[PDB]
Amino acid sequence: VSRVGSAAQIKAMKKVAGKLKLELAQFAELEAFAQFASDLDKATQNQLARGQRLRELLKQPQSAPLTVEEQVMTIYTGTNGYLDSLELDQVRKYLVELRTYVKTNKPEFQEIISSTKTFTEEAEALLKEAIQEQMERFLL
Amino acid sequence: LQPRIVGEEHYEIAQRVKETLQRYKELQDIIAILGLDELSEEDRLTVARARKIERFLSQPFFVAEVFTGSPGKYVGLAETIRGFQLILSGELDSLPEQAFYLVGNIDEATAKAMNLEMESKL
Amino acid sequence: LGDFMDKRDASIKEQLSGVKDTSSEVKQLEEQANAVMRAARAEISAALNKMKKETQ
Amino acid sequence: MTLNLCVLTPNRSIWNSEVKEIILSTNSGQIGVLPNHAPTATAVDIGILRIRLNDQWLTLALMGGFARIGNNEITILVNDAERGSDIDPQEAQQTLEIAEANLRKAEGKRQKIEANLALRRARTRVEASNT
Amino acid sequence: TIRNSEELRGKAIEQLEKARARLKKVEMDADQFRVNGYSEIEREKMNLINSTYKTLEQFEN
Amino acid sequence: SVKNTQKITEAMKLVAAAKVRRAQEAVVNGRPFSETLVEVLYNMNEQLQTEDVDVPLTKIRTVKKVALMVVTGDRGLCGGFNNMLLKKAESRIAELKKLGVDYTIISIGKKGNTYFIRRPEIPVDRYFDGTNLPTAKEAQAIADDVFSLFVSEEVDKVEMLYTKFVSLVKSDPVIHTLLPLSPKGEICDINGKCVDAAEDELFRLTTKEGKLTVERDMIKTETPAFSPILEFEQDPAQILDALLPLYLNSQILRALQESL
Numbered sequence: 364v365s366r367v368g369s370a371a372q373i374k375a376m377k378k379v380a381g382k383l384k385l386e387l388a389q390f391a392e393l394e395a396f397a398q399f400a401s402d403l404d405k406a407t408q409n410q411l412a413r414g415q416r417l418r419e420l421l422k423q424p425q426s427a428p429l430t431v432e433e434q435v436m437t438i439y440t441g442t443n444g445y446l447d448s449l450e451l452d453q454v455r456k457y458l459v460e461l462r463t464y465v466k467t468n469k470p471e472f473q474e475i476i477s478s479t480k481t482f483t484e485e486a487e488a489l490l491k492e493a494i495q496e497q498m499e500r501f502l503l
Numbered sequence: 375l376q377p378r379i380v381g382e383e384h385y386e387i388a389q390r391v392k393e394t395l396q397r398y399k400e401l402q403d404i405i406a407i408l409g410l411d412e413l414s415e416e417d418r419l420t421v422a423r424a425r426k427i428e429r430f431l432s433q434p435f436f437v438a439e440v441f442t443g444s445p446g447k448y449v450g451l452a453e454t455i456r457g458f459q460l461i462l463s464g465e466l467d468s469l470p471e472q473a474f475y476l477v478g479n480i481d482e483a484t485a486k487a488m489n490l491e492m493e494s495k496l
Numbered sequence: 112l113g114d115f116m117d118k119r120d121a122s123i124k125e126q127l128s129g130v131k132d133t134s135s136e137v138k139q140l141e142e143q144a145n146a147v148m149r150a151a152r153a154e155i156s157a158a159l160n161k162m163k164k165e166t167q
Numbered sequence: 001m002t003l004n005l006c007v008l009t010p011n012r013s014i015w016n017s018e019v020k021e022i023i024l025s026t027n028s029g030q031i032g033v034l035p036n037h038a039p040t041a042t043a044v045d046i047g048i049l050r051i052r053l054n055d056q057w058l059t060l061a062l063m064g065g066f067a068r069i070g071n072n073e074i075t076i077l078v079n080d081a082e083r084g085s086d087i088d089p090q091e092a093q094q095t096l097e098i099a100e101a102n103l104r105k106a107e108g109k110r111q112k113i114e115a116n117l118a119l120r121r122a123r124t125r126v127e128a129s130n131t
Numbered sequence: 063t064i065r066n067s068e069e070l071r072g073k074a075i076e077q078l079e080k081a082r083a084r085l086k087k088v089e090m091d092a093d094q095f096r097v098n099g100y101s102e103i104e105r106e107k108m109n110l111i112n113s114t115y116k117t118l119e120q121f122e123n
Numbered sequence: 053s054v055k056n057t058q059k060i061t062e063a064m065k066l067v068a069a070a071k072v073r074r075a076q077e078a079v080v081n082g083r084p085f086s087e088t089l090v091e092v093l094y095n096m097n098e099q100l101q102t103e104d105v106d107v108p109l110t111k112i113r114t115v116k117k118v119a120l121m122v123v124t125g126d127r128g129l130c131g132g133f134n135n136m137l138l139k140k141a142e143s144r145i146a147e148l149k150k151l152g153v154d155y156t157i158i159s160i161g162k163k164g165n166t167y168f169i170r171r172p173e174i175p176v177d178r179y180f181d182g183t184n185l186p187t188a189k190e191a192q193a194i195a196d197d198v199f200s201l202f203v204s205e206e207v208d209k210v211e212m213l214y215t216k217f218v219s220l221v222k223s224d225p226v227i228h229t230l231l232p233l234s235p236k237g238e239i240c241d242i243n244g245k246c247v248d249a250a251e252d253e254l255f256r257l258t259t260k261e262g263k264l265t266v267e268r269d270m271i272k273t274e275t276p277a278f279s280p281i282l283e284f285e286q287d288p289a290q291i292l293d294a295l296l297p298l299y300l301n302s303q304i305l306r307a308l309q310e311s312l
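Listed in order, the protein sequences are those of chains A, F, p, e, b and g.
To get the deposited numbering, take the position in the first sequence, counting from 1, and add 363.
To get the deposited numbering, take the position in the second sequence, counting from 1, and add 374.
To get the deposited numbering, take the position in the third sequence, counting from 1, and add 111.
No gaps in the numbering here: position 94 of the fourth sequence is 94 in the deposited numbering, and each next residue is one more.
To get the deposited numbering, take the position in the fifth sequence, counting from 1, and add 62.
To get the deposited numbering, take the position in the sixth sequence, counting from 1, and add 52.
Pulled out of the complex, with its shape left as it was, chain A reads as follows:
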């Protein structure tokens, strides 16, 4: 729990991590009775496949803290289903490439989140182009 939960966050974070907080709530219950129902319809299964990928985002290496923009960017990618296609062992290696891609190719995204501190429409679009560009590159 954090008592001061969301007056704490920045505006980009509050918007981005609003999705995230719910999906994990779904995914606590969908991991429950997952082997009980055991023939998973794609209403439950895709929300359960989304969930495993969501857990991967939460994973991090020790003493490699992320910048606020990276967290906002990383949370956003996972929530939308962009990483759904990727293998569970591919998610952590992808995102590291996507963050590095974005620092290197698209530094306008950092300037929006660091100044406006709000997950702007310009910012959101600006990320997607890197995600499309980055995703294409990752495949080959």
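It is worth saying that the hints were derived from the structure and are not from the lab.
Using N, Cα and C, we set each Cβ at its ideal position, and we do this for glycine too.
One should not assume that every hint holds.
Stated by the list, open to error - Chain g stretches covered by chain e per the calculated footprint, using a threshold of three residues with CB under 8 Å from any CB of chain e:
id	segment
1	76 to 88
2	185 to 191
3	195 to 209
4	295 to 307
To be verified - Computed Cβ-Cβ distance ranges for the label pairs, DEER-style:
id	chain 1	residue 1	chain 2	residue 2	range
5	e	116	g	97	25 to 35 Å
6	p	146	A	459	26 to 36 Å
7	b	64	F	414	20 to 30 Å
8	g	173	e	29	19 to 29 Å
9	A	484	b	112	33 to 43 Å
10	g	152	A	403	32 to 42 Å
11	A	484	p	146	36 to 46 Å
12	F	377	g	261	23 to 33 Å
13	A	459	g	136	39 to 49 Å
14	g	184	F	377	52 to 62 Å
15	F	399	b	112	47 to 57 Å
16	g	97	A	403	39 to 49 Å
17	e	101	g	183	19 to 29 Å
18	b	64	g	97	37 to 47 Å
Fit chains F, p, e, b and g to the given chain A structure using the hints.
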């Protein structure tokens, strides 16, 4: 046993060995019920590899030379790591299980295996 | 008249075959293009990795 | 050298040892098989089979079905079959008596069909038991 | 019957040629991709060396 | 006490798995009979090709009334297997009321028996004892009921519900149409999907990764053509008439073995 401490290669093998060993432990109840033939082709293997790994872990000691007579083997950390790659990569699937038992180096098991084949042929 | 009948039928059958021939040729063209594009991408990626590794 | 027999029930292959002669009932009433028989397919009525190989010939009552006989080979599809030696005769006779009694009572268009087919079933059980 | 074979041949060739034209284009995309990748790898290698030289100098400090 | 319970339940689980393996072996033993029967039943249809031939089991009559036979488990402590079947049974009875074509239930097994005893607002044809290790003896008394009941026109389109053993983790009830046997020998569900009878899949339980699973795999059994010189002893219609009960008997036995 963290990757930043022991290196990436050592960690992967150790993790794999535990998993292979762990699966075999789970499968023991199943194997009695279904037998080794009835298991799938992956689990004929991770049972076999687990058995070889179990035998490979056992080693002859310097101190026990008096009691058992077979000479002990001090085994390096690299020769240990290289040994469990060749079992888990499957390049030594053809060897019998009692070629991995009470040998030091990975080479000794192969050497022991060959000698066993010659003795059997005799 | 028999020759005329044959000519017309052959002309039509030949047209169908050529149309079939063209379709297969276009499928081959598309496949070759796809394979080539993949090479470019993959090739460059590999190069950087090997080059990136050497630099590192 | 001889024809070979495999009698088989929906759960259990009963007789798969091979013989010089059998003689089986059918809906026509009776047939006999001897080796290198022509290819025939007979629906076999419920009632006893008699099989002779070598010294000894014994009857296992079997409960109807199908019997094809190919080149050098018989296979008999029967829904239930018992060896006549393995059934103890007296108990089978008692069962037959019970069936008859129920039949005598049994009435109505389906029910008699059941009674009649059950007494037909029971009566052939002793006829392998005695034989 | 006549109208069928011709169509098949027409459509067919439109398709083989098209497929191989696509092959060429890809041969183009890959060709492009390879160049970009090579340049990126060189820059990345440059990255490593440059930054590690910086790390050295900081160590000297 | 809790530790003792854990040991006891674990022992029960192991015993149940062994019993399931034994059941699988049992299904395999009856494979020659159903492989040979569908080979005959194919060639008896491909030889026949005759409009004047009508067999009573396959005879089609107006569906005024339907018989539903319910193959439930013998004992408790097995998840929702029994609850699911009876619950699924109710939908079929409910569905008939929408059609109003006078259901009748033949119940097999104790938990199905104790269900339809305590609820008398249903007809029952008969109460059958359940059985572990089902035999052709024990499927015959089912068959002598249903065949006799079906031949008389009181009941039509007798259908059976039971659980095809699809997965360990879930096994949903499925309802098939037993009678009137299709002359093609095709076996199909009430919904309207019919598999060719030549191809059926046995269930084999194997371990996938660490876990214990089951995979239902189907091997088609090809039917060799009947001999050119073959002589039919009775009549083709008549020979076929003897054949249909064997097929019905064979099917009821598999429905119950699979349920077990």
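Hints, verified against the model:
1. 76 to 88: holds (count 7)
2. 185 to 191: With 5 residues close enough to chain e, the hint holds.
3. 195 to 209: holds (count 8)
4. 295 to 307: holds (count 6)
5. e/116 <-> g/97: 25 to 35 Å: holds (29 Å)
6. p/146 <-> A/459: 26 to 36 Å: holds (29 Å)
7. b/64 <-> F/414: 20 to 30 Å: The hint (20 to 30 Å, Cβ to Cβ) is violated, given that residue 64 of chain b and residue 414 of chain F are roughly 56 Å apart.
8. g/173 <-> e/29: 19 to 29 Å: violated (50 Å)
9. A/484 <-> b/112: 33 to 43 Å: Cβ of residue 484 of chain A to Cβ of residue 112 of chain b: about 36 Å, so the range 33 to 43 Å holds.
10. g/152 <-> A/403: 32 to 42 Å: holds (37 Å)
11. A/484 <-> p/146: 36 to 46 Å: holds (39 Å)
12. F/377 <-> g/261: 23 to 33 Å: holds (24 Å)
13. A/459 <-> g/136: 39 to 49 Å: With a Cβ separation near 47 Å, residue 459 of chain A and residue 136 of chain g satisfy 39 to 49 Å, so the hint holds.
14. g/184 <-> F/377: 52 to 62 Å: Holds - the Cβ-Cβ distance for residue 184 of chain g and residue 377 of chain F, about 53 Å, lies within 52 to 62 Å.
15. F/399 <-> b/112: 47 to 57 Å: holds (51 Å)
16. g/97 <-> A/403: 39 to 49 Å: holds (41 Å)
17. e/101 <-> g/183: 19 to 29 Å: holds (25 Å)
18. b/64 <-> g/97: 37 to 47 Å: Because 43 Å falls inside the window, the suggested range holds.
Checked against the numbered hints listed earlier, the structure breaks hints 7 and 8; every other hint is satisfied.
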